[PDB]
Amino acid sequence: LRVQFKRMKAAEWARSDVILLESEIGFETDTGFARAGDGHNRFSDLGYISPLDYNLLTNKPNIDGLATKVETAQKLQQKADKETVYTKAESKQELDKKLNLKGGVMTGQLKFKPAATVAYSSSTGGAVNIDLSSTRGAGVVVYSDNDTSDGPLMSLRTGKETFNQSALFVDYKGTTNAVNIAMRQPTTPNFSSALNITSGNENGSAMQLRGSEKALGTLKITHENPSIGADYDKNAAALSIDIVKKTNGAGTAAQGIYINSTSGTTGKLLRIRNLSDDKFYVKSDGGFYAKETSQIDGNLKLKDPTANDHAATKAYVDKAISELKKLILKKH
Amino acid sequence: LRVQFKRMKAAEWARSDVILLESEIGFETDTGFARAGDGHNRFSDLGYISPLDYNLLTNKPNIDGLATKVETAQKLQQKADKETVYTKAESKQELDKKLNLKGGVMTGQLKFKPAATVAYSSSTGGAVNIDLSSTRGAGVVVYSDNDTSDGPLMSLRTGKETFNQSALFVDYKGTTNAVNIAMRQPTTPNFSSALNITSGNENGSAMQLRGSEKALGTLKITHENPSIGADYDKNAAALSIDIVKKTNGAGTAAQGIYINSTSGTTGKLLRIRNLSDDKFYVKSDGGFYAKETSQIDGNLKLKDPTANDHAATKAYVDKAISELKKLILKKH
Amino acid sequence: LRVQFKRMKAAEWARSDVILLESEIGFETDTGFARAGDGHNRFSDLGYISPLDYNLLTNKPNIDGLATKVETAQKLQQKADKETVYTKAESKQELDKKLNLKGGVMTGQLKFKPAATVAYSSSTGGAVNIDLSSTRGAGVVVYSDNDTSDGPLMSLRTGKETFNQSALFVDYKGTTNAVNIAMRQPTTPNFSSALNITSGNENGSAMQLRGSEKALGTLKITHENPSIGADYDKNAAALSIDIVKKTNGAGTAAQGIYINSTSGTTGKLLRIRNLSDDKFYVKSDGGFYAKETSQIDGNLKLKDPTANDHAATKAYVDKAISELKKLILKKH
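In order, the protein sequences belong to chains A, A' and A''. A prime marks a further copy of an entry chain.
According to the entry's author numbering, the residues represented by the first sequence are 7 to 338, in order.
According to the entry's author numbering, the residues represented by the second sequence are 7 to 338, in order.
According to the entry's author numbering, the residues represented by the third sequence are 7 to 338, in order.
None of these hints come from the bench; they were simulated from the model.
Backbone N, C-alpha and C define an ideal beta-carbon position, used for all residues, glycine too.
It is possible that some hints are incorrect.
[To be verified] Just so you have them, the derived chain A' footprint on chain A'', three or more residues with Cβ under 8 angstroms: (1) 10-18; (2) 211-219.
[Claimed, not checked] Restraint-style ranges between C-beta atoms, simulated for each label pair: (3) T193/A' / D310/A: 37 to 43 angstroms; (4) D284/A / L335/A'': 48 to 54 angstroms; (5) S128/A' / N170/A'': 20 to 26 angstroms; (6) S282/A / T123/A': 38 to 44 angstroms; (7) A121/A / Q191/A': 41 to 47 angstroms; (8) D87/A' / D36/A'': 55 to 61 angstroms; (9) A20/A'' / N65/A': 24 to 30 angstroms; (10) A20/A' / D70/A: 27 to 33 angstroms; (11) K119/A' / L281/A: 44 to 50 angstroms; (12) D102/A'' / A79/A': 31 to 37 angstroms.
[What the hints assert, rightly or not] Straight-line alpha carbon distances no greater than 25 angstroms define the calculated DSS-like cross-link-like pairs of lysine-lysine that follow: (13) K331/A'' / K332/A; (14) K108/A'' / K117/A'; (15) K75/A / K88/A''; (16) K103/A' / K117/A''; (17) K98/A / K15/A'; (18) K108/A' / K108/A; (19) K325/A'' / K331/A; (20) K309/A'' / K337/A; (21) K309/A' / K117/A''; (22) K309/A'' / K309/A; (23) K307/A / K309/A'; (24) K117/A' / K103/A; (25) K108/A' / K94/A; (26) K12/A' / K12/A; (27) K117/A'' / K337/A'; (28) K98/A / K117/A''; (29) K81/A'' / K88/A; (30) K108/A' / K88/A; (31) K88/A'' / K94/A'; (32) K81/A / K88/A''; (33) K88/A'' / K117/A'; (34) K336/A / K331/A'; (35) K336/A'' / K94/A; (36) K98/A / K94/A'.
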């Protein structure tokens, strides 16, 4: 027996009315595939003589080891897109433009414009607040070795005439000078001062000074010859006063020096010395002393003399000449 | 020949003791599948007449093109979770609250509390250090056009009586004024000064001033009539001094003006002029000059005269009256 | 019929020259697989009697639901690597070292070194610019309750003799003092001042002061006894002047006090009072007044008397003695 089977092209089977017997093999000549009958279905409705089931295969791949599009997408969704995020380097880039609290160098203007909680009072107020209580450095060090400039090192301005606080307040406790101004010896000379003050306020002194020294001056001024030449500073003075009219004014009645004791002093009110030797003075009682010959381009009104060293008045000379003239008239 | 094969349900085969001959086909009526004998194994242990091997299939999918769960997880693990990272926008958000070194506007308090390396000495110390050596702007510009306030523009306080540095130090080289205070003409008048100083320190002058002017005053004061009215400032003065007791004190012996030359001057110690014409002065020798008639509500003690323009003493008048009285007594 | 088929090992078939008839089954004894002839091809070139096509399988897996290596890689490439990005925490870390514009505490030096656009002029210049126009706090509050230190609270230095701006400029409008210095009562005494100024500038006054007070002093000084003891301050003075030579200098000709009216004043040029009672004064015309007995350790040159209270000259006494001597010589 060399057995052959009912056979024809797949597509020919497809429209054959032939019913294969149960288990009778039919062969598709162009595919080489077989099918067996079930006694009823036409060929195209039988299945193949052998399994076509993925789950009956051998050497299946590891399908469950594989990532699903869904699962992957869920996981990718938790990750940050490059686009929406700064790189470490772009981060340093930006942070390096920012001032460390630990310190740094400004190259531009630091403006302050306080919104103001209360902005406090005392040693916890101020837009800039510096406490050096645990340290040995300066607070604010401003300097310039530039040749010329358009602005000062520090400027304090108040705009409104009602302004009811100081521009600069110094409350000092310590052992050296509260405020110290050195204007050291020019090479190229200035026609100006270490401290210069102008006030146009007619109801207050330009400068007020109170002290309570045991044995010193409230203000001590010293002039020092700038030269070794004995008489070079001959037009200088420790204190110079001028008394002037207003521009286009009619003149002035202001006094030069006014000295008073509102509570009364027993001290010399004006005392003038050279080489620490009294030369002239006004005693607390307004009497005066002078050490050398003096001159008045005028007369002197004074009281009649009683002591021998008293200056004689004209009245006194005249009466003594007149007494002598009478007494001597003993032509009788 | 229409061939049929030993056949029965799969499950019936499953417990059949029938051994198919080698290559003899047996058919599973309910699955339509065939198996061939090997001459020994029962049906359930033969395999199907045709291959069930994934690797013999055609039109396999691209299994190796597919991502494995493991591989994907490795790669996802290198990526940043959204949660642990700032967005660009949240990054700008935070950086915009930080001060650019290039400049910016503070709206709150900048406190300093130095930890202090040494905090230096000179022009590289200070919590705030400003160098304007290459520029034409001011250093610290503080101003206020507010109507009233609770605090000054600048405040310097030192708390401890041992404190051995200044509150403000000015070391000036230049061609204009080191320190300049303008208190310009009030519309609403203040009863106060451009500069006001009080000291309760009994062992030091409230203010000390040294200069070495060739032809100027160490301190120059000018009073200017505030009015065009010739005599409006009649109670004003360039310099006003008061000398007072302590509250509930017994009084005072302080002098008004004290002038000395510790090294001896040949200059006039006090010189008083009007319209630049000497009117009164005390010479270096304590002698005085006065230009007009003067008055003493008292006597004057002086030396006997020798020149004709010398004031006569009482001694001198008396002796001349007495000499005349003797001489004339030639009643003999 | 129990049918058996031409059969032999796969590998034996592989090199058999046997041509199976069309649809004649041949069996591979070691694999259990069948093939059917096509009437021409050798065994090894027939295919199996049943389909080996992935696309004809049942229970296929969801291959298209699976992620491809390519697709996954594309998506991973848009995500940020952990390595190239800061964590939220590392971000806070860095930002917390930066100064909030809203405020913060510096612990190190803030240097300024302006690059300078123009650095302005007026109330919009300065490396540090503070405007308190809408607020009630101080601007710059510098203080120290430390015991001793190496640096002052504030320091202003200018290096170049050409420097053509001030160290400190105060432009004040308001109702209290522009600048106020309090050096309150020491427990441990300093040998120093509230304000101390030295200038070595021979061409400008160390301090200049101008005011225009209606009824006050341009400078008002008050000395206050520091003790209740009437005469404790007996060596004190409101104003103390010294006039000194240069070290190794030949001496000095500087004046003590110089008073002038460049425009001419009708006021008393020097006026000295005690308990507000005139005691001594120099009138605008250089004449003087004194209230008590005075002394000159010398002579007084003055004009011949004309009134009775005028001091007599020697000339005048002498002429009256001489007139009496003549007149009385009527021995004829």
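Kindly indicate which numbered hints from before are broken by the structure, ordering the numbers from low to high.
3, 6, 7, 11, 17, 20, 21, 27, 30, 33, 35
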